[PDB]
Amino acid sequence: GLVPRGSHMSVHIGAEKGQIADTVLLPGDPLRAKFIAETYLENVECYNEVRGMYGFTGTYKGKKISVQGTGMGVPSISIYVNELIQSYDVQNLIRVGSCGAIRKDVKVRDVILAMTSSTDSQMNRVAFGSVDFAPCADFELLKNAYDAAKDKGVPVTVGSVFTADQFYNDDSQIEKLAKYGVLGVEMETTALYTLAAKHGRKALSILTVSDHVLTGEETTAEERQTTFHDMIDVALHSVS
């Protein structure tokens, strides 16, 4: 190929049978996938370079864990999640990413566990028409993560998020969503939760606050990096 190609079984992932673990962390940024795998895992290998969307496999306290970049937005993560599920038999899928907080009571240091997500994606209206489908986290994964946070005293907030198609949106309804108690905005959760459930696999999204969208309250690198480490510790402890 002119550039790396996927496998016949997975057009966007150039891996073979067995190279991807049953449990996969899913950051949006493939360079964060790299950073996570190299910083937290042992015996790391890169199994995918197709489209520069790096995927890695290594071990955490003897258990195989993969870390796969998803890109941004429902259509991008849907491609990777479908291929992970259908071609690599992945069982547990945990997004680890950022969100923009939309309520003042959402604190910079809180690790957010998404129970569900609202969206302006049409993906579920395409499937259900007049039905509003509410995606749902796997409770076992969510509870294990909450327990991992609580056991250490890591601040954790459990609620809902909004999965946006338009990062830049002149027609945003973030103010109203915040009034209805939605915690923050990201670009992946609705797809991860819907596709995992449709195929009987377990999904969870863990998120940290990268900014406060409505107040412009600033975040610092120290705050963001500490909370990021807590997020990855929670994700890994919860599956251990």
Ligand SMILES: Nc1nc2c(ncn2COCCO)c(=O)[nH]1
Given for the second form:
Protein chains: 6
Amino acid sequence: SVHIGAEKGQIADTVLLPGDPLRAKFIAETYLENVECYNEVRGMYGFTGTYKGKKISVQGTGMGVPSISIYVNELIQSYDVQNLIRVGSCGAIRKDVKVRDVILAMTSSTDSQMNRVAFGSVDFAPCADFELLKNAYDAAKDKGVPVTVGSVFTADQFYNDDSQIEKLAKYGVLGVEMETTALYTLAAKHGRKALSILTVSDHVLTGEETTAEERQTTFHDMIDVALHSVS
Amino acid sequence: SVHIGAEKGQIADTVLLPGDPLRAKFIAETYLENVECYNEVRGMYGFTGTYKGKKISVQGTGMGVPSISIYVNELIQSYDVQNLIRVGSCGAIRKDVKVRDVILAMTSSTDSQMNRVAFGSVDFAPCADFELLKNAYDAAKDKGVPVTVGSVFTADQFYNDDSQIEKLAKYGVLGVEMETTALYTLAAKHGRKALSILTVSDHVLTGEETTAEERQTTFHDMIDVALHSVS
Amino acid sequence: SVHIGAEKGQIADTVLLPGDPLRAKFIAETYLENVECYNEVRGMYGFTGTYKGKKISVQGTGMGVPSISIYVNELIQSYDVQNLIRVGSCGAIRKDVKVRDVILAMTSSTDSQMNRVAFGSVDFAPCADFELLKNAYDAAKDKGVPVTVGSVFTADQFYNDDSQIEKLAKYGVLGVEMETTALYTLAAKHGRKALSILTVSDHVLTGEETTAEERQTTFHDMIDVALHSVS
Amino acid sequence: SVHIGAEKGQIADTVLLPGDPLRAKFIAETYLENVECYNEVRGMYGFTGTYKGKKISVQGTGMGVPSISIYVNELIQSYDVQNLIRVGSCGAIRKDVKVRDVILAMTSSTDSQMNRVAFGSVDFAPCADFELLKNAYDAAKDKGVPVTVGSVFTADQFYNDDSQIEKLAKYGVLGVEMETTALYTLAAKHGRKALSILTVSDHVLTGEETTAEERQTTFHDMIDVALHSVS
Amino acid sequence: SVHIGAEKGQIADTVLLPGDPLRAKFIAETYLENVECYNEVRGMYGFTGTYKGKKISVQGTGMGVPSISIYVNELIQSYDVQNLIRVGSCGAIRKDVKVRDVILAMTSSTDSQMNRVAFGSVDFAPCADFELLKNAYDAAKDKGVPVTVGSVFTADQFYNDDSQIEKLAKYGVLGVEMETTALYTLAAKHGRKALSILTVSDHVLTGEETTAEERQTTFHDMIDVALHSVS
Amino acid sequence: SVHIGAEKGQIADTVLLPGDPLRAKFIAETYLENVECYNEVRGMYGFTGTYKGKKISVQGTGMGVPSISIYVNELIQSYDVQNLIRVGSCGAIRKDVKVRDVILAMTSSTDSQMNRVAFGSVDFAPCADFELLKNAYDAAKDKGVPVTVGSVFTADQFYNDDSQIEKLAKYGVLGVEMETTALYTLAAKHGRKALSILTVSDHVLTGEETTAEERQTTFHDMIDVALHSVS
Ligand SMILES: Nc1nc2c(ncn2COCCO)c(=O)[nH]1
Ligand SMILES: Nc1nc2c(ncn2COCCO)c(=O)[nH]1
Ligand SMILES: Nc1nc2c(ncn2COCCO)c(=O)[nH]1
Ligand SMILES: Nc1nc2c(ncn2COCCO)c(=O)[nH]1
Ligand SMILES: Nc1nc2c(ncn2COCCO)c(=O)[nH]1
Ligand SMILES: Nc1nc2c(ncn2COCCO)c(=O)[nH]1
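Having gone through the form solved without the named molecule, I am curious about the other one (the form solved in complex with the named molecule); can you provide its structure?
Every component of the complex follows; first up is the chain already shown.
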């Protein structure tokens, strides 16, 4: 594949997809055994190791629809990946979305043109694979991890002068990140299973930051949910 | 309210929403006790009765985004309805969607302009209330009712010369109906809970019809799931 | 046809199209002789009778582009209907549109995506059949029924938070209803003749309601114009 | 006004609007008495004279929405013009539109973005002033001039590689020209009256040309209808 | 060609394109030797003469995308024209654009739908031919003519109630005219070379007019740059 | 700044912007003296060093409009960067674009919605800063580096099932990459100067790859042009 330097069999059936390739490294080293780095192209690291004797890969995606779309397309088309799970963060856009909440996205809205390019007059609603989502939901509930299931907004512009998050929040949308629409659309288009699990890095409308301790905790809950869900 | 002749308190917290007002009548009379018709305006019947001692209303919506939007807006704004559950049918657009399957829609795509009118450049993905959906899912599973969770397409044109259902099917979409986008968007916009449960009336791409017996069976499973889910 | 339970020959060449199927019943029983109900599917009644020895049908359409599109497509495709005449009401959006005025729509604007779905970058202007319109206009003038000829707006959302009726009014548009664009487009696409005759139920911008007596009078003028026009 | 060198009072209440300023000159000199040229700016001639003792102006518009929009805006805003009548030609796009037919446009479709710029998600249907149209229609009928009333298509591209005229024809549209949408929209926006009367210069789909004699005849019928209509 | 009455060979390889056909006449008579008028159709004059022994044509385009598109398409397709140079004016929309500045447009934004008609979801950025632009730039610099290189906005509406020039100015856009997008797109589509050289007729946001002397001077600089660039 | 860990003064006035942060490292180490890495966040390295005694930074952008938009916004807003120069590659889409050619983009087309989000009905044409472009052009010419000046296409989807590059090529567009629209728009919006210099990595329509030696050579020419241009 053009952007991933792996050899056949080096990538697992199940790939976790953080945005930050240094977080991919952190996840692999902290959570998995017998880790190998199968990719260094562009410094977008990918790794494979085991969790409870089961192979799992962790691949950085970069930020934004166009970057994740590259990695997801290649993982699917060249490495026959079956389960793709984004583990990232988002900016919460409602007060009722708590800093400790782990978010499982059922769907995502977007201002990316990717789906209008394919469908024109149709609004395509991307959809999480329900089996992955329900497993993740059960795993959170079992351990008492606070979890909220709803939708997010996949944004093209981190700094958007024409942001509609205020209106999106009133329509129930939970938070804003930069990947989910692409992940969910591309996995579905190829008959694979996808889910995004997100932590809250801040409230964008109040500007209130989540603390370092808060972030470390929710991140560990996200990774546990991601792995527990698939064991 | 302009289109519903009910008096305050006559409509329950929970409303079932068939498209066909003769099916609303059928549901109420067959499933509920102590039934009263609270609405005859336009012959779009609505009824209220009890199921296991709990009040439940059943309101016809008519067909298409514009018609359901009228009834959903009025139910919410004038009657403080909390849970809105569409019980309808759809045309299946994938072979893997079986005629006996009961569909719980996580989200819906659309060619209605309703959300571009509000959001312009944003593709708004509507979202089922997860609590209703999970309850409905558990109730199906408990009894062994075959159930599939995914997305549908809300169409403006039953006869569409420019239909994209072929492409929609390849993106994983399950079937086509005429209401869900509006229900899910309008409920979310007002902080209420919504879910669409759908049976399969045919396969639109093969033209193959589901039999009368098949339809009667799935319809009863849909109504059981709808009611069991909320008891 | 899927939504109309009639047998061949049961529907006349000329069909009147009220939105409310209880008004279809009222029109048939009050104005026609030798009436039969040819349709009860979904309670969307249709009837056929005679006026001055000439067969005339009256078919409810429901509300909104998607609902009328179903009935108009079936009437045309399955019953070879030649003349389709909407008899309905609208909310006036200009002070110069008087509560007693009967409106003959030359064309309609819309926020429905139905025509962008077919044409994309083209704004399709629907067009009344001039022969029907001129006949209706002559019949009004002959009897002194106040009549105004201009355009309307076909709306998808009865409750629209992003309504542009203020701007539409400044561009000369007379009033807002939920059907005309679909009727005019679908009739033209199949070489049939269509016209919408509308009464005024209120002024939407002043909130001022037309009285019951006012409504009964204009409704009778509309039906006379509709029938006189075609005798 | 920026593009018209006339002094107040030099332009009549009623202006005829050919596209070609040499045709404006021809119309004035051939049909009117006591003619003066009130405009030579850009060689887009305008003239004023009398017909049966009544003042009438004739102003070239140039070709395309942007050019006519300039002249129509200035005529209205700076010269208080009340009646604006386009007298031009179009390419017929249906076989049933005969080379001798004089076309009165009730409305026009377009691929110009002018109305999406103002309305976004709304398809604005422009509308002829019915009083002018009916007068023109009566004047044609009185003398036996063959006349057809329907819609046209206002095109931005005379040479359009993505032309949809084939589909437009199937929807009943009569022919294609380059002005009407702008005329009808701008007149309505300012409470003035507008009408387009068009001859047929060819059939665009068959490439068949109308002869010089044919064109001279229909042009004279158009001008008679235009003037008779307003006497 | 439909709109140009010239015979083969009558039009030069290089055509200057003023909007105003009276300015085409002025340019030819003032700057060229051995001038002949090859076109009088619609009074949109075109002329051919020599400058320093080299053939050069000057053709009026009219105003707006649709009008220039006609002339540019015909010049290219029927007369094998290789270099097309717009010499016109624009309304400056930034204070830093000085009344004496001659503008060479690298590209243009637009509210014309011409390119969305061809490309839909793509924003097509038109592009000047760099060789013409650089030659024009060198010729200005050589003589000390003040020159600014950047983009313009091609507008459909001279009187635009929804004008975005304020925002366009903040994005660096220099001024507004009515032709460039069409010229640059159509020349590129056919492998020919195009450039727009523009003077400043006013500042649209301050309403400040450039004087007659100012306009005569910049116009002469524009024509010198246009001709010097191609000798 | 959120994504860049530098301290004030650590980033130069002039920043080179490769997509690949490992190429940023390579450029800095190979071309500059007294290099320091000022950023390791997300492994998106940035470095500052000197070239001929003048400070120059080199910052990885990642791939796609959303990723570069983050880095460009932060460089401008938080580090007062004045000159931003993308040094990257593109897939050539015309045969006349030679593998050795260094491309200077005057403008870029896109299927990103970023500008429709800001402008709606306007097609915004981004524009290179001419001074940077001309300097780069002169520096190439001086040394005999083959150089082509024209436009590119900024794509959201590296794997695009609905790619229009065939049509884009016929309109003169040179090649496809994933950054330029964002760079040019965001720099202009903030009064800074931007340019994209691109090498050719392949011909996308012929699938023909450029060799390793070819790529190493053109890359060195690009970097020389980038640096020579600004000394
Ligand atoms: N677009 C956007 N994404 C955010 C914000 N806060 C956190 N994220 C999610 O990180 C980007 C995912 O790579 C924000 O304000 N805007
Ligand atoms: N649009 C559409 N809806 C369908 C079809 N089959 C079943 N439904 C769902 O019924 C309409 C919901 O009121 C079909 O072919 N098209
Ligand atoms: N959309 C809309 N339609 C109206 C209004 N008032 C009357 N009508 C017309 O009735 C709907 C046609 O079925 C209004 O305020 N909005
Ligand atoms: N766009 C277009 N207009 C035409 C055609 N034939 C005649 N007209 C009308 O003339 C243009 C009005 O100024 C054609 O083929 N296309
Ligand atoms: N659209 C527009 N064009 C202008 C303005 N001022 C000068 N021009 C350029 O003249 C039109 C080109 O034929 C203005 O305010 N608006
Ligand atoms: N979108 C796209 N970009 C390309 C291609 N080839 C090279 N590039 C440019 O690299 C992406 C810039 O980060 C291609 O086929 N498609």
